[PDB]
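Next comes just one chain, in C-alpha cells: the form deposited in one PDB entry.
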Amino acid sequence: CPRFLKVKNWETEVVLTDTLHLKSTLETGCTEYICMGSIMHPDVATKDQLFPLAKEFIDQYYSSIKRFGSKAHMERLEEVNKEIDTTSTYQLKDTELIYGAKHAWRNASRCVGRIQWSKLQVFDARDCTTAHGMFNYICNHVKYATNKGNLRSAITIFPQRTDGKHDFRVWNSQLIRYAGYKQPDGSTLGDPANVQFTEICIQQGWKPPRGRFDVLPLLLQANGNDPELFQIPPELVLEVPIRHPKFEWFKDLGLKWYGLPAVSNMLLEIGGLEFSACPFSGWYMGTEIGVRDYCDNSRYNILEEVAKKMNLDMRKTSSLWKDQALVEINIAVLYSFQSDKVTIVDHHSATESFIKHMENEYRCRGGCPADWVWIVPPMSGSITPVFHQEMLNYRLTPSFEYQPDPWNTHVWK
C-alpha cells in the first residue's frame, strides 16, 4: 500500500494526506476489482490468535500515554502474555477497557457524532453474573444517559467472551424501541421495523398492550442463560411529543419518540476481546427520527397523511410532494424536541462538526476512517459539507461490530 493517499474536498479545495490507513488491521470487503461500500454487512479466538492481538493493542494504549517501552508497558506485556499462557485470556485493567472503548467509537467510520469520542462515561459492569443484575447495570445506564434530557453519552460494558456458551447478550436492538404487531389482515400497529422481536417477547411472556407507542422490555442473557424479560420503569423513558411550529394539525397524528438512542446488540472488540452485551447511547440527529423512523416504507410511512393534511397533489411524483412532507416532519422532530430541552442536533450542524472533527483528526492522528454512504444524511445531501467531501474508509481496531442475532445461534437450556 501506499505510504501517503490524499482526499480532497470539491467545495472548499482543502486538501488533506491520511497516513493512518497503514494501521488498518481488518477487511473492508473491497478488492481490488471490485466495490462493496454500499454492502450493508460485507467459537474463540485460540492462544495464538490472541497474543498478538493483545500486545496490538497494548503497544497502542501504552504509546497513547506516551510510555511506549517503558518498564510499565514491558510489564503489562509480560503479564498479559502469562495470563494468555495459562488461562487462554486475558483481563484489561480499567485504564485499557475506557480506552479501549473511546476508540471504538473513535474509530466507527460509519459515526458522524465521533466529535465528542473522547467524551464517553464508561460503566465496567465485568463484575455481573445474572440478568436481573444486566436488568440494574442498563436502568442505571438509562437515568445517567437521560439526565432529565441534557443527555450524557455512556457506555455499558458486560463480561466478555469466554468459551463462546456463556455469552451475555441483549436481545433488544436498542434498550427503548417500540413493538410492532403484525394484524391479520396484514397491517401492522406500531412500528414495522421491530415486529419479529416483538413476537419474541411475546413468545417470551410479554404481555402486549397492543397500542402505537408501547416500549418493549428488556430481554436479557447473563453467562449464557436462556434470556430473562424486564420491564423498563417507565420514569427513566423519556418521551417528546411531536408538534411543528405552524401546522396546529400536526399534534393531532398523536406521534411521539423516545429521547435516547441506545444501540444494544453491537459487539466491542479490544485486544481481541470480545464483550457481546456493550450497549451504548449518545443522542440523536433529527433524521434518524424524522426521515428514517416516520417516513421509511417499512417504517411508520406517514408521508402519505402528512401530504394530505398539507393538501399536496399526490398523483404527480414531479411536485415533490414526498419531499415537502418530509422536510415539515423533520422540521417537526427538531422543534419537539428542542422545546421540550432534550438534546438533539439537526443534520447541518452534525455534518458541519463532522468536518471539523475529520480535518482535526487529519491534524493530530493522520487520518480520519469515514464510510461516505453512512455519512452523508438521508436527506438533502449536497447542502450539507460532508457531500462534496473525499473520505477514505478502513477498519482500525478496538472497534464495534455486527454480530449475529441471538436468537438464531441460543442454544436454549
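We call the rigid core whatever largest set of C-alpha positions still superposes within 1.5 Å between the two forms. Residue numbers count along the first chain shown, from 1. First, how it differs from the form deposited in another entry.
With the two forms fitted on their core, the C-alpha shifts between these two forms stay under 2 Å for all of 187, 91, 301, 129 except 301. With the core held fixed, residue 260 shows a CA shift below 2 Å between these two forms.
Here residue 292 counts as shifted, since its C-alpha moves by at least 2 Å between these two forms after the core is aligned.
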Second form
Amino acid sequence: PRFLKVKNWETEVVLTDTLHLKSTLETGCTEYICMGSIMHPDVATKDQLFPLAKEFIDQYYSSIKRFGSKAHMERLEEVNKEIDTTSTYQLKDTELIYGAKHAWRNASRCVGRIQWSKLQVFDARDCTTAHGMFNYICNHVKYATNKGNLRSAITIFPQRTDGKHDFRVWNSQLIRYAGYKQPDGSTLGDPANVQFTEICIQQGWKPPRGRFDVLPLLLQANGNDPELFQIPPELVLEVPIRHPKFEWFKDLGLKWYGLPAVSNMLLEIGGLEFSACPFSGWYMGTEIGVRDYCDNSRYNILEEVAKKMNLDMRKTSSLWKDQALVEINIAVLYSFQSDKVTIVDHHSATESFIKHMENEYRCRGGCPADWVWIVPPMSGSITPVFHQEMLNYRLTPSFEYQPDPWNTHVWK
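Could you switch over to the form deposited in another entry, since the one displayed so far is the form deposited in one PDB entry?
This part shows the chain on its own.
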C-alpha cells in the first residue's frame, strides 16, 4: 500500500513514508524472512541501460522543477541516441554532481546524512593514468582536510566501459595504517589491514614496519596493473590520543588519522558505474578502531587500558570492558577536540540524524535508514535512534559494494 508508518517510541512521533515506492532493487528480505543483519545479502546491455538512464534523467529534471520541459525532452533524446550508438552515455557535470550528492542522501547505513547537500564533487573523468589519479587524490586529501576543519568531498574517476578497463583504488580507505603479521603469530600495526599490506609489499613497497605506517596508494587506471604512490606525509593530519584525566593514557603511544576517506565502493548513477570514487567526511568518535591495536605481545588496547585503570578483569560482570571502552572513547574525542580536528560524538550525530530523518520525511516523503548500522556501537539505548523505527529500502543513485580488485584483475 501507498503509506508506511514508523513510530518513535520515546517521543510518540509518527512519520509516514511514501518515498519507498521509488525503491528499485531487492533487499534480500521476503515476507517470510528478514535479512536485516546480513552484511551483504560483464556490463549493462543497451536494453538494460535505456530505462535506468531515463529514470535518472526524469528524477534529475524533476528535482530542478523542469520535468517535461523542452530541455528534459531534448536531454532524454540525446541520452537515447548516445546509448543507441555507443552502448553507453556521458553525464553532464550538473547530473554528476546531483547523482553523487543523492547517492550519499540515499545511503541507508550512514548516520551523517544531514550534511548530504554540502558535498564537494571533484570531476576526475578526464583522468587517464595512475599518476593522474594520485594527483587527483592528493588534491582531494588536501582540500578535505583543510588544516583540521574537515570538508566532505568525493572524487569521481572515469566510469566503467567494458569491464576490462576499470579505474580502481585498491586501498579500502585513502589513509590507513599498515599491519604486519609476525612469524610468532602476533600483529604489529592495524590488524584490519594485513592482507592489503602484504599486497603492497608484494608490489614493491618498502615497509617501515612500525605501529602507524601510512599505507601507500595502490592505483589502477583504465584496467592497467595498479601502481604504488606514497602520500606526502604533510598531507596526512594525525591526532595523538591522550586522556583529559588519565595522564598515563598518552603513554600508550596511540594516534589516529583525521580523515576517513572510503575508496573501495562503487557509485552507481543512471545505470553508469563509477568503480573509483573515494569519498570523505569526518569521524564519529566511536568509529575510530584504535581499540584493536596491541599494546604489547598479548593484550589489546581495551585490556591494556583496563589494566592501567586497576579494574577487576577476572569477572565479566564487573563491566571492566564497558568501563574501559568509555574512557577510550572519551580520550578520542578529547584529543581531536584539543587539536581542533573535526569530529562528532555519537550523541550529537544521532540527534542530528533524527532531525534529518524527520525533515526528509516531510520534504521528500521518507528516508531509507538501516537501524542495524545507524545505532552506534556503544550506549545504543541512550541515543535517540534506538527507539526510532526505520524503514530500509534501496534508492538510486547509490553507493554499492564491489569485489576486491585483486580477485578479478587480469594481470598484464
